[PDB]
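Complex shown without one protein chain; remaining protein chains in place.
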Amino acid sequence: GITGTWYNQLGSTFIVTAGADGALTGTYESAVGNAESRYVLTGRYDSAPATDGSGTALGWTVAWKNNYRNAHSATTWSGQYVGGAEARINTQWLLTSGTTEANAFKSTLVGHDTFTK
Amino acid sequence: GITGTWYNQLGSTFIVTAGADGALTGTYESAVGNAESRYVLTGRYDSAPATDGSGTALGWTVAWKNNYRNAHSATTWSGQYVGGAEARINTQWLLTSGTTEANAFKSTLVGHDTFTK
Amino acid sequence: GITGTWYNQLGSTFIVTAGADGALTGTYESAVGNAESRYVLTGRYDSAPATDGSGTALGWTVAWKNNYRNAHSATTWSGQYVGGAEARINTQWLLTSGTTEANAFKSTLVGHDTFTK
Partner (left out) sequence: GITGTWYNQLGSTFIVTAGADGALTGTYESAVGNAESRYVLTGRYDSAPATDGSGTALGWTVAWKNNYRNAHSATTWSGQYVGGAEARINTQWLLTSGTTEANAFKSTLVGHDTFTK
């Protein structure tokens, strides 16, 4: 049940489609940051996970360039899909910015987002 | 600039193609871990970077299931490309595994990879 | 308002004293992992934070060895303290284990802990 619309604790919107070959496709809208409207994403996931009750591993990427603006940055979300009464996706993310060699030490932010429907 | 074959410090081979629309397609082979042979990747990149000399931000994802085996895991690489005499892709990554909720605290590994020609 | 007893979402107990010298001293009890009983901690914090409302930056370290056990690992917590009606300490952590360099790529877990009163 990964396919569908999800929201994280910041109020961002994540619209996902789960391919039977393990593909991920959709749209992302950030409530925060140097962004506006939708941005394209793509990723992959385990299409044959364990049935001992483990969650489903997954990942996806967004580059913050669209028709309206460029932050010159990209984010990847890595985490696992969890089912049951209340399904959620728990992730941790990295946000890298394009920088000069001078400032590369401070190019990457880390954090975590939690998504539900 | 990005399209082509790259190798990281572990012996792993990353074979990429960067579409002009910001898309990333290719193959990945890991020198290490619960893997063998090639795996499909996909990702995104800033197809309109700065002219001030900044690097080119990008990211990509790999789910470790192919026709030979399934580790039930996925990695995302977030970083930026740097060109010139010595071209490199400098990244940090997240490797998340499918876990029970009891062990979810130990579900995600962190690291860094450097890619060169 | 840092000194005192805190608990995180795992049910771990974090007992801290904030000295005026920017120092952090205390004990830690983990509800999870290769652990039993208390372990020593020590850290640092901004003893002169902004008055604009920003949080209080801080961090602390724990090596998992005590009279009862040795897990051959260490965790660092980095975050900020936030006061008011409901005070919290928001962190991200790095848990590193001793390994052979062949397995060095799988040496480091990343996570986040939330601490309340």
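Read from first to last, the chains carry the letters A, B and C; within each, the first residue is number 1.
We adopt the following convention: contacts are C-beta pairs under 8 Å (C-beta built on N, C-alpha and C of every residue); 3 or more make two chains touch, one makes a residue touch a chain.
Participant: Where does the absent chain make contact, in terms of the chains shown?
Facilitator: A, B, C
Participant: In the complete assembly, which of C:10, C:74 or C:87 touches the absent chain?
Facilitator: C:74
Participant: For the chain that's not shown, point to the residue among C:12, C:27, C:107 or C:114 touching it.
Facilitator: C:107
Participant: Please identify which residue in C:10, C:15 or C:57 touches the non-displayed chain.
Facilitator: C:57
Participant: Residue-wise, where is chain A in contact with the chain that is not depicted?
Facilitator: Looking at chain A, the ones touching the missing chain are residues 10, 32-33, 94, 105-106, 108-111.
Participant: Pick out the residues on chain C that sit against the missing chain.
Facilitator: Output for chain C: 22-24, 40-50, 52-65, 70, 72-80, 82, 90, 92-101, 104, 107-108.
Participant: What chain B residues would touch the chain not displayed?
Facilitator: Chain B touches the missing chain through residues 92, 110-112.
The working rule: only the chains that are shown with their structure count from here on.
Participant: Where the CA atoms of chain A average out and where those of chain C average out, how many Å apart are those spots?
Facilitator: So the centroids are 27 Å from each other.
Participant: Give me the residue numbers in chain C that touch at least two other chains, ranges are fine.
Facilitator: 110-111
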